[PDB]
Structure formats: C-alpha cells, structure tokens
Amino acid sequence: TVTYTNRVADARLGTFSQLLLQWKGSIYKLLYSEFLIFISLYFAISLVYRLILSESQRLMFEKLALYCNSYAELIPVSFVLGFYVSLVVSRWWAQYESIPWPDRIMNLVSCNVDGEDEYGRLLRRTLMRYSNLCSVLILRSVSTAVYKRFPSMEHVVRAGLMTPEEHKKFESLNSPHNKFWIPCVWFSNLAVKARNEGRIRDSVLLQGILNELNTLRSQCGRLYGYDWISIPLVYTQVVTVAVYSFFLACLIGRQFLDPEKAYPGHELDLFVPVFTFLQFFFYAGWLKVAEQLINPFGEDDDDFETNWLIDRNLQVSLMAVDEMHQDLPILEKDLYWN
Amino acid sequence: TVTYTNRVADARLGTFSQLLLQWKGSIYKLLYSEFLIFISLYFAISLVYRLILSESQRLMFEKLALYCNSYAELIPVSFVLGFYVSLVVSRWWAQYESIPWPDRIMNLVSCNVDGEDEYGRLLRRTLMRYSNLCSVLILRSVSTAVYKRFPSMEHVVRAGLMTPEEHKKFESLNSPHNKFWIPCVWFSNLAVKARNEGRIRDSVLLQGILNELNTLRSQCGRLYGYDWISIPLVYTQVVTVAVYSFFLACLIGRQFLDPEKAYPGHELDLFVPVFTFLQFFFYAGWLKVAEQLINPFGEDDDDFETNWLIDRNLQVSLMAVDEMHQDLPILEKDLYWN
Amino acid sequence: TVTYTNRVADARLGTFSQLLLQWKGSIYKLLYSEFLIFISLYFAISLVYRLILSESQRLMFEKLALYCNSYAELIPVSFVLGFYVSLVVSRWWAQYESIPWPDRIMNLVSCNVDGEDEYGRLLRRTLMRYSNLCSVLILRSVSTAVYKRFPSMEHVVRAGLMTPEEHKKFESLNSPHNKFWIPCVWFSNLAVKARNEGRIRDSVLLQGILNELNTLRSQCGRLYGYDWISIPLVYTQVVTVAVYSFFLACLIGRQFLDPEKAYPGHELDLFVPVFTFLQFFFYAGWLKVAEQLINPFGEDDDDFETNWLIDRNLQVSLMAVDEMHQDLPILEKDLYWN
Amino acid sequence: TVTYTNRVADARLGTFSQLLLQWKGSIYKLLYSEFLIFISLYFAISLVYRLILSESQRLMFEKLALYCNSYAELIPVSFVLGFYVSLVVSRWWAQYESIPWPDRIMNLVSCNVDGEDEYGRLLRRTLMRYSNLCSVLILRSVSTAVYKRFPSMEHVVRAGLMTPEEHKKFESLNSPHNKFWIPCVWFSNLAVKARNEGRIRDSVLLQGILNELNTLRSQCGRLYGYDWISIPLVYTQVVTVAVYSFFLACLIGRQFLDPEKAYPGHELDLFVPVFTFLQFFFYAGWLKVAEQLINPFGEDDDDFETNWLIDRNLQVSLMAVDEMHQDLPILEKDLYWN
Amino acid sequence: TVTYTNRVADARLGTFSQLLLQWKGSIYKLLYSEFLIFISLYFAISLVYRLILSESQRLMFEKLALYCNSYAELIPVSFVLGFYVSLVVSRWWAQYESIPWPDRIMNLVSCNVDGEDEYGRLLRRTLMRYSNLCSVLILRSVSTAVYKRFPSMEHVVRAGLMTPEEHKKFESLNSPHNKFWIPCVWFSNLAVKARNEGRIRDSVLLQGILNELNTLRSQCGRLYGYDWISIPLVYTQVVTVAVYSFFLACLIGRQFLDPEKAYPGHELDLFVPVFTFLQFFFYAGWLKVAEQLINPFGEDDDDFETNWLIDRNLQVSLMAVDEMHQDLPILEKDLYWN
Ligand SMILES: [Ca+2]
Ligand SMILES: [Ca+2]
Ligand SMILES: [Ca+2]
Ligand SMILES: [Ca+2]
Ligand SMILES: [Ca+2]
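Protein chains in written order, with our numbering: chain P, 183 to 520; chain X, 183 to 520; chain D, 183 to 520; chain B, 183 to 520; chain R, 183 to 520.
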C-alpha cells in the first residue's frame, strides 16, 4: 500500500493539493491506458466527421449524435456503480482485519511454556513456527504475491518456515482439499504434549493457548471464505457493461456538432470536450478503484504488503519466544515513588 | 459459486473486459428468458403499429405513447430496487458466515480426548461425527441441494453420517419440531461420559469443548433463523410490481413514433431502441440478482457449494482426530538457531 | 411470518411472478383500505368536476390543479421515507436476534447436572423451567400475542410454566418495576444449591452455566430495550404527514383536466390515472410495511410467531434434560474404519 | 422517552393517523417557535410587498424573487442533512446500549457470595452499591438530568448511594480527572477481600465476578467516550447554515408575485404557500430531531429516562442480593412428569 | 476536540444558532484560506471582464461562460464526495475506539497482585508502567502530537515512562520493525514471574490478567492497522480533482453576464453571487472536514487529545495500584437496612 497518513495530519491549505503530484499508486497510473484509448477513439471519430463525411452523411451523423446525447442518461451508471464500489470497499477493509497476527499466541507462548534449556527453546520455536506456517499456507492460497514468492512447497522448506521432516509428514497426509489446517492441529497436539511433560503448569494456561490458536484459525477461515466466495460475477458484468456502454454512447453523443446548423445546445466549438473527459475520468477511474481493490492480495501498488508482513511475523515471533523468555530488565523505582 | 478472484488480482486493462466473455453464472444466463420475452413483445407491438393500424388508430396510439413516455418516470424503480438489493446482499453475506465449520471443535477433540487404543479412537470419531451431523441436519432443512442429496434419513444412514442404532434412537425421540438439535445434545453427553472415564483430564478442557459446541449450535441457530424469517413478502411483491409495471409502460412509451408527424423528442427512427434494451438489461438483471441471491442455498450457479462443503468437513474432521492424534513430526532445529 | 424461502431457491422465470398471486401477508391485504379510500376520493372529485361545477368554477379548478401539480414535488417524500424504512428494517432484524433461545443452557444443563434419580430429574426440569419463564415474562411484556395468550399470571400457572408455590413467591417479592428478572436470579441460586449438594462437579462447569444464564439475560434485556425505547415519535409524525400531504396534493394535481382547453401536459383524457395509482401503491404501501414492522411482536401476518416459539422452547427444553440425560446410542464403528 | 409501541402492534388503518394527535414529544412542540418565526417573517415581507412598495420597487423585488427562486436549488440541503441525521441516529442508538445495567453482576453476586448472617449481607449490599455508584458517577457527568438531580456529592450521600465514610475516602483520593473509576476499583478490592475470608469458594467464581465488573467498566467508558468526543462542530455549523440559508432564500423566492405581470410559474395568487410551509416543516423539523437527539441524556421529552433507570437499578440491585440470596421456592413437580 | 455536548442537551430555539458564533474548531477557520482564494479569483475575473475586455472578446467570454454553466453539472461532485466523507467518518469513529484504555488491566492488577511491602508495590507499578508504555510506543507512531511531545526515546526516559535499564534492554533487542510490542511481552513475563513467587494466587487470575493484556494488544494492533493501511490514495486524488475542477468551472460559469444582451437565465446583475459562494462553502468545507478527520491524531483543533489522555492514563494507572490496593472504606450499613 501507499501510506500518506503522516502527510495529512493537519489541514492547512494544500493537504490534498500536494497528493495529486504523486505517481506511485495514483489515478493516473490506473487510467493511463483506458483514458488514452478513449482520447484516441474520440479524436478519430471527430477527425473523420470533420474531414471525410459528405453533407447528407454529416446530417445523418447529427441526428445520431442528438439521439445518443438525449438518451444516454437512461443508463443507470451512478446507481449501479455506487452500490458495487460500496461492496468492494466494505469487503476490502473486512479482508484486512482477517489477516492473522501471531502476537497474542506470541505473548502466551513466550511466558507460559517453561524451560530455559534447549528443549523448551526448541518447543517454543516449533510452536511459533507452526502458528506462522498455518498463516503462510493460507496466504499462499489467497494471494498471488505470496504464491509467486513460494511457487511450491520446496520454497517453503528453503525459507526456513518448514523442516523437511515436516514436509514429509505434510505430504504423507492424504487429503484432496486445501491443507492450510494442518499446522493448526500440530500446534494443539504439541501444546498438549508440552503440558503432559510439565512444561505448561496447569490446564487454564493450556486452554488459553488453545483459545488463541482457535482465534487464529478463525482468522484463516475468514481469509479462505473471502477468497472462495467472491463478489457475484453478475454484478461485475453489469457494472462493466454499464460504464463501457455509457462511454460508448458518449463517444457519439458528446461530439461537437456544427455551430452553423444552429442546434439547441451545440453553439460553441472547442474541439476538446473538457467536461466529457472529466466525466470519463471520474466514472472510469471510480470503476478502476474497484478493479484494484476487488482482490487486495495481488501485486498492485495499493494491495496489501503481504510478503513484508510474513517476514515481520516470522522475525518477531521467533524473536519474542527465544531471546525474551525470562530476559527481563531490572525492577527499579520510577520517578514517582514518594 | 463461480470463483474468479485469481483472475482479478491486478488491474491491467481488461480486468473486467474478459469476465464478460464467460457464460457459467452470468447475467446472460439469467436474463435469457425475460429479455427475449421483452424483445418479442416490443417487436410485436412495433410491427402491429407499423403494418396493421389505420391512420386515426395510429394517431390515438401516438397520444398513448406520449402519455406513457411522460408518466412512466413517476414509478420509483431505483428507490425501491436499491433498498431491496441492499437487503438481499446483506443477508447473503450474513448467511455465508453462519455456515458451521467443524475446525475449532476438531482442534480441541484431536488433542484433548486421550487414548491411542480403539476405544478413544471410536470416541473421537463419534464426537466429530455428531458435530458434523448437527450441521447436516440443518443444512438439509435450509438448502434444496442437500435435501436432494439426502431425501430421507435413510440416505443419511447410507452415507455414513449416521449408524442405524443412532437412526433408531433418533426416531424414538418424539418431537413435532425440527430435530437438528439432537446431535448437539449427544455431543455434550458423550463429552461428559468421556470426562468421567478419564479420557479428558480436567474440567477446563471439557468446558472449552462444550463452549465450541455451543458456538457451532449458535451457527446452526443462525441458519435456522435466516431460513425461517425470510425477507418480508410485501417487499418482494412491491419490487416485482415496480419492475414489471415500469417495463410494461416502456413497451408502449419507448416505441419509435412517426418522424413525419414531427413530435418533440421522436425525430429519428432506428427500429431498435438500444438504450431501452440497455435500461431493461440493467434494471431487470439487477432484479434477477436478488432473485438468485434471496436463497443462496439452492441450485443456482452462484449459490453456495453446500454438498462439496459437507464432503470436505466430513473428510477433514474424521482425518484430523484419527490419523493426527499423537502423530507429530520430529522436533528439529530451524535455519535460525545460533 | 409468511415463509416462502423454499419457493425461491432457484431463479427460473416466475421466481417472483408467482409470489404476487398470494393473499396471506401481501401488499394487497395491507393497502385494501387506504387504496379504496384514495380511489373513492379521487373519483368523487373527478365526478364533481365533470358534472357539477360551472365554467368559471372549472376554470378556477384548472389553475388550482396546475398549481398543485407543479408544487407537489417540493414535498420530500422519498428522502424522509427511505431513512425511516431503513430504521424500521434495521430494528426489525435486530429485534429478531434478541429473542432468547434456551439451547445453550439446554446443552449445559442436560450434561453437567448429575443424578439419574428423581431429585436430579426435578432439578434439571426446574432449571430449564426457570430459563423458559425468564423468557416468557419478557415476551408477555414486549408482545401483544403472548399477552393475549397469557392475560394474567394465573394463565402462566395453568399452562405449566409456573407452579403455584412459585406464584406465591413471585407475588411476595415487592417491586413496582417489571419482574422479568426474577427467574434469572432463581436459576443462579438453584445452580449454586445444586453445586453445593454435589450435583455439579467443579466450579468451571457452574461458571459456564452461569455465563449462559447471563447471555440469556442480556437477550431479554435487549428485548426490553427495543420495546421501551421506540423509534422517536417525531419521525413517525413526519413520515405520515409526508405521505398523506403528498397524496392529498395528488388528489387535486393528478386530476385529468379538459383537453379542449389545451394545457401543456394535459392532452389525453383517460379517466383512470394508472401511474398516479401505481405511485400511491408504491409510496403508501412502502409506508404500510413500516407500519407493520415497527412492532414485529403483534398479530400481523408477518410478525414473529412468538407463541409457536414459546411452545417449541418449552417442549424441547423439557425434552432434552429429562429423556436425553444419559440416554446415548451405542458407540459403533462407522463406514470408514480401516 | 415517549413509548407508543403497544399502540402500533397491528396495522389496521389509522396506525400512524392517531399518533399525529399527540402533543407530548411531537414535531409540533419542537417546531412551535421556528415555524411561527418563519410565518411571521414571510407574512411581514408579503404585506410590505403588497401594501408599501412603489411600482419600480416592486419591479425590482420581482427580479430579486425570480433570482432567489431560480438559484436556491444550488444549496445542498438534503445531501448534507441526510448524512448528519444518519450520524445522529447511529450515535443515539449506540449511546443507549452503552448504559450500564447491573443485572449480570447482580446474578453473580446474589449467588456466589456466601453467608446468611449480617456480614455477608452487608458485603453483598456494599458490592452492589459500588456497582451502582460506578454508574451514577458517570451518568451525572454525561447527563444534565442526573446532574440536576445530584448537583454535588452531598446529594449522592443523602440519597443513600454513598455513606459519608466513602465520601471522605472519595475526597481524600487526589486526582484532577473524572473520578468515575473509583468504585470500580473498590469493587474488585472488596471482591478479593471477600474471597480471602472464604465468602467466595474458588478462583473461577471470583474471576467471573471481575469479568462482569470489567464489562460494566467498558460500558461506562463507552458513555465517557460518546460524551467527550462529540459530533464534530464543523458538521453542526454546516447543517445549520444550510437549513437557515435555504429558508432565508425561500423567504424571498417563494413569495407570490403579481399575476397581472404574467411571469412563467407565478400565475395563481393564494397568499398562503402550502407547499413552502410543508417543505419548511419537513426540513426544519428534520433538523430539530437531530437537535433533540444529539444529546439524548438531557431533559427533552424523548431523551432517555435516566433518573427512573437509576432508581430502578438501585432498587432491583439491593433487592436481589438481600431478600433473594437463598430464598428459593419449593422444588415441586410440573404438569409434565409421567 | 471541541466538546459542546453540555450546550446542546435540550432543544429550545438557538440550539445550533449559538454554536455558529464559535471560532475554535469551526468551518470558518478551515475555509479561511480557500474561500478567500476563491473570492479573489472570482472578483479578479469579474473586474477583468467588466473593465478590460473588448466587445468581441466579451462576446466570446459570454459563450464560454454559457458553456461552462451548462456543462459543469456533468461533474459528479456529490456522488463521489458523499462516499468519501462516509469512509472518513466511519474510520474516524473506528479509530477512536481502538485507543487503549488501561482500566481493565488496572482493576485486575490492583486486586490480584498481592503484597503490601515495597516489592509488591514495585511489581504492580512496573506492570502498569509496561501496560502504559505499550500504548505510548504505538501512539508516538500513529500520532504527530505524541511524536512532537516525544521526539526520541530519551524523552520517553525523562518523562518517567521508562527507566534507563529498560532503555538499554529496549535498545539491545535487535529488530528492524516497529518495537511497540516489546512491553506487551515484558508484561506477560513479569506476570508469570509474579505468579511463580506467590504474588498471584491461582492460574485463573493470571489467565485473566493475560487476557486483558491481549485485549490491549489487539487495541494497539488496530491502531497500527488504521495508521498503516490508509484510505486509498486514488480516492483522495479523485475527490480533490472533483471539487477543484467543479469550482474551477464555476469561476467562469457563475459569472454575471451582461443583462443588456438578454440571455435566458442571466437577467439580474448583483456583482456578488450569494448562492455560488454558499455552494462553494458547503462543498469545499465538506471536503475540508474530510481533510481534518482523515488523520484524527494530528494537531488540528478537533483531532483527538492524545497527550492529555496519556497523562490521564499514567496518573490514574499509577494511582489505582499504589494507593488503592487494600485501602477500602469501612463497611457500614446503608439507609436501607431494615
Ligand atoms: Ca488488487
Ligand atoms: Ca439461489
Ligand atoms: Ca406488527
Ligand atoms: Ca436531548
Ligand atoms: Ca487531523
């Protein structure tokens, strides 16, 4: 994503006036193809009408242009497009919050799994690596950036997210469905094995660890649900037919007619319709935002930084349960004692 | 459902332009009947007006067409239809999330119910089969696809979801209401019987299993509530009268009149109203999406894949508590040790 | 409620076309009075204008009709009415989900309260009867159907929901406020008395039972809040003044004037305004849905089936803690063993 | 609040027609001042125009009235006002549900704090009085009705909500901020002191009591947040400038011009603009509802009955933990035994 | 923020009429620059047109002004701007509720961590200082006011929020990412160290403290998510291009033309367009509210008072676990005893 929050804290004058001077993740980069196609088609029809057509053929084109200008308002562009964009934005922010963060499981495993020797160290690192793997295996199914980072499971083995013994156990488990739920069972079995060996003191701490595991499992299930149940295809087809049909009508209807014929409405000849191009800018770019945000896990400039987030979660998770287990600062008095 | 999420990750040019070349679950398959009925009625009235009516009768039809063109805008089509479609889409996504997933109960039963012999194996499989049966018995009441897969309870017995002794116990329980709550009591009684025999260690683990049982029971209750309390019938009647009355008016009002009579507005004769057919496309198809999604558990192309989900839940549930109980990979060091 | 979900699973052709042939809970049954009053007033003014008024008086009525037709669009009908109907529908579905279901408490009491003799049987039945009574005493305060089923507390005694000793204890408790919270204290005291006698094993199971009791108490409190804090009366007055003032203006403005006077707009005389009657149909019926759903606990055709739900909850609750305590089917192998 | 829910259960004919015959909490009581000011200003300008101005001055007033009638539609009244009213209603119902109800803490304290002697009786009453005081001290900060009931802390002492020793301890605690969090710490300390003396059996019951304490603390924190973070003042200024500027324009633009001058639009002279007064009624009263509901804790007719609710909570809380501790009815058989 | 809730409790007459006489946090302070730029540009173009241009050049400017007045309505200002402002307000109130409040952790630590000597006092103060530091370290990353209060970590050391030993431990932990999660691991490790020394009695109280820690960690994670995932930049660019392009068109289109030329629409010459300036006021100020509230953690007049809240949380947290540990008032009888 493009983050500009620190630039818009106060509202002086050019709070939004400077942000339109940015190229990375802009409206200009999105509309740079469709806008130039629209410019090319409009100026092509304009030059053909001004330089090629005969007089009766121009007189027929005038009636066609008046018909298309009168009756292009029957197409419900804003009515369909606002509803579709509201769906896309609602599902967008709903899909951000479904991304699993390891930090609650991190806080519980960093303190409740005892042992300062190598066995408890290995145990805590294996628990957090299972919690991260149960996230990576669903993020490589819902995202294309993670899938291009990890094309096969051997790339998950080489990155250190999975040992080859876990790869052999993962391949030996026979299931035709998506196997993202495999480490979230290994986590619970390893937590119970840790409790039975005395590394976890009581049942309440074990049940807290398992509750946070099931919370992360619900997060991964929400990601699977938002990826599998898309926006219905019939909505996408209706909105693209709406925008493309409206501006296909505006290719003919918004053409500058002859001022010497003295039509009502077409009195000035400017050869560049500023308001038609602005209306195409707002409607077509308003559709392009929904095209960008309908899948926020791809490789757009404003899709989610999933690979960075995987690297952060792996580093922070393996940091807080290895170096920070019983490594506390010295309990000292504050500036407010007596 | 038709899933196209992997095709719309990035937004290059034809992100939505290729998706209108798809037939399965499209606007075209929905409107293929109503659109051709509208085309047939319009061209029938057009040919009758052009070839059959006498001159005074055509002059009366002209006044009828001008009246219907002037006063068809009084019908609040968009105002009623947007509100109705917003209800349908909100209830649609609310009904997806109410579908019970066994995975939290799966994670707890796979680890907390002890025993590697045949008795604990039978116990875990019976617990997960009760948790799946308490979902199947409500999905065959809210869906028509599951009801056509399982027409009677004997088909539930033959699929392995229920043993015949459980069928006899299920028939001996006398209740005139829906019996989907029967396995969700058997689960709690079998969990307490498992705790009393020592298969579950403490009370906290038992209460966690019962809390996830009650969570799945709340999911099934939400499905029962959304199926039983429909959208009010008066809304459905008002929206279908709105769309059908508006286009019944547009059968007469949008007719191309005679250009030689020189009416204001009807100057060009094209014999095919492109914008009337587009307006019928958007409004009527916008109603057809609500017709499709008012019950997302039927057998439309974009209703929910409930039978696939039942098969997945049964296979994954009986997999993770039988093969994956204490079958863990070897605890080995990572690529980040020292 | 009228349930039609099983009829609209697929979307073939007449998915909504058959549902307008139904009378029970329709738009026709709602508007059958107001629509005929509007028809009567319009045709009365029409016949008086056509047969009674003199020429200068008709000429004054023409100017009054043109004024009322020009200036009835200043009344914000859709703007106020859409906001009001959105409130009514949001509160409608929010009030359905606040109805207490005994099933979570049923699942916990059916398994955690021990004893196969008559004392534990009496104990479980008394606990579930308290949980049902704490729901009946708020449903007879928020609904008129339950209040007509149970006019006094003696009718609650005769139905078996309350023994006469509990009636005497309920009357001896002195409080000027609504006493729906009385059985939800008796439940907690009886659960603690059951724990102290050894019928409940540990504290965790008791706390789970009390947590589900407090969940049902929050459900009853939400019902009390939605009944006591209505939609503000000023909104109801503004919407009824809006609809009635707009169609009081349309009684005069939509009248067919004389075509021989040649007014702009009034050229055709049909004597039955189809689009005025349709506009009255949609706006007035859109108000009548809000009139129906502003209190969904009354005795409309599409209000909630509260009495049926009370009977179901009583039967299922006293069934699952009496016959189904330790009555489990035989643990047998599945079709997938080895 | 004005409650009319029992009057609108069914929808016969006059379901909303009788509710406009009510004065308490009506649109008429709100608009009785602003409407008469608008009537006075309009009729003043009308009589001055009809009786005082000369002919050229009337001819200038005609052009001013046509300008103001043509260009008053540029003011976005409905666009700003609908958004503002939606915020006010959303925050209104969000602030009702944040009002703390003592009933969950009541159910736990009435059963889990042991002792039938005077010490446990005093202990339970002191716990519930702390839970009520932690609500009263935030309701006298967010409401003006509670602040006029309790102007100082001595009025809280005289009402029995606080003993004078608790008043001295409350004054000895030095903090420049709002002290509504003081009894919600006393509750937890007294619950731990009750557990350490054996009045509470185990830790799980104590943690349940503390969890419901923190739930009530979150309710009080939501009330503090909704009172402290208002709707932004810039929205309130924009909506009042919108409504007042639009009807300041309509004082001149809606004036009946001279019919003998024969302007397009002003042909009939009625001297009382019915639709202008109706439009002022709906827009200005639609603003007055937001003025009423922007602070629903004041002393309007449809603000919340906070003092009644404080009296109810105090009476019910001190009732259910004193008289109803181990005072249960006799366990007797039902009408459905065998 | 500017709080005016106590001024708008009742609705008499001038409930909103007095609030437009306030300068701090008003629409006037926001629009004081852009409005004067618009006034300057409009009056500059007006004086140039009235005093400088020749007759044919004025005749060309008339056609340009009629074109820009006819075709500036094609720009979807309200359609884009309402959607954007709805996003800004929804995210605004969603970001207020994500601010962590220490009070639940305060209530649990003030009672469950035993010890009246200096060691338990130091232990409770260190726990609450960790809970406050885990909030300060994310509020100095999401806000500019806290970042200007604490430019470096030495300023956090000097304020008493962090001892220098904790500063050395905080710098020794090597991580390239944001370190706001560091004290929320120290809290859990210190709570487990407090439990193992006997300062916390059982496991249930420890798990309650850790659950409230993870709740505060989820609050800080929501703040990090709302700061990192902004509103998409393409929406901000489209709305600022919409407002600026519409009023750039209105600089030419709303100009008062010559009345002697007798154009339809431009008949009166007033030299100050009141309704154009009002329309600029509402649209441009409606954009400026979104500019103010897109980052509510900056230093605007109506952004959140974050520094005051940090000071309050520090004072109240270190107050309630030091002075109020076992300092209870005397248990005395109420006014309602017998
Ligand atoms: Ca994307
Ligand atoms: Ca369907
Ligand atoms: Ca009703
Ligand atoms: Ca108020
Ligand atoms: Ca700001």
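These aren't lab readings, by the way, just hints derived from the structure by calculation.
Misleading hints may appear alongside valid ones.
Copies of one chain are not kept apart here, so a pair can be met inside one copy or by any two copies together.
Calculated pairs, PhoX-like style, for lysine-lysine (alpha carbon to alpha carbon, straight line, at most 20 Å) [said to hold, decoys possible]:
| # | residue 1 | residue 2 |
| --- | --- | --- |
| 1 | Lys350 | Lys515 |
| 2 | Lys351 | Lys206 |
| 3 | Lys443 | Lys245 |
| 4 | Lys351 | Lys330 |
| 5 | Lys375 | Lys351 |
| 6 | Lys351 | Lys515 |
| 7 | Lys206 | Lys350 |
| 8 | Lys245 | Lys211 |
| 9 | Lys515 | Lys375 |
Within a copy, between copies, both or neither: which one fits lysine 245 and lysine 211 at a CA-CA cutoff of 20 Å? Classified as neither: same-chain Cα gap 37 Å, cross-chain 35 Å, threshold 20 Å.
I want to check one pair: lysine 351 and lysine 206. Are their C-alpha atoms no more than 20 Å apart within a copy, between two copies, both, or neither? neither (44 Å within a copy, 38 Å between copies)
Checking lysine 351 and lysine 515: alpha-carbon separation at most 20 Å within a copy, between copies, both or neither? Classified as between; 16 Å across copies, 52 Å inside a copy.
From the Cα coordinates, with 20 Å as the cut-off, is the pair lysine 206 and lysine 350 best called within, between, both, or neither? neither (43 Å within a copy, 39 Å between copies)
Can you tell me if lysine 515 and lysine 375 fall within 20 Å by alpha carbon in one copy, between copies, both or neither? Between copies only: 18 Å across chains, 40 Å inside a chain, cut-off 20 Å.
Measure nothing new, just compare the shortest in-copy and cross-copy C-alpha distances for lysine 375 and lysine 351 to 20 Å and report within, between, both or neither. within (18 Å within a copy, 33 Å between copies)
Given identical chains, is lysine 350 near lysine 515, meaning Cα to Cα at most 20 Å, within a copy, between copies, both, or neither? between (53 Å within a copy, 16 Å between copies)
Taking 20 Å as the upper bound on the Cα-Cα distance, should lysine 351 and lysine 330 be classified as within, between, both, or neither? neither (24 Å within a copy, 38 Å between copies)
Status of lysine 245 relative to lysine 443 across identical chains (alpha carbons, at most 20 Å): Classified as both: same-chain Cα gap 12 Å, cross-chain 16 Å, threshold 20 Å.
Violation of the numbered hints given earlier is confined to hints 2, 4, 7 and 8; the remaining hints are satisfied by the structure.
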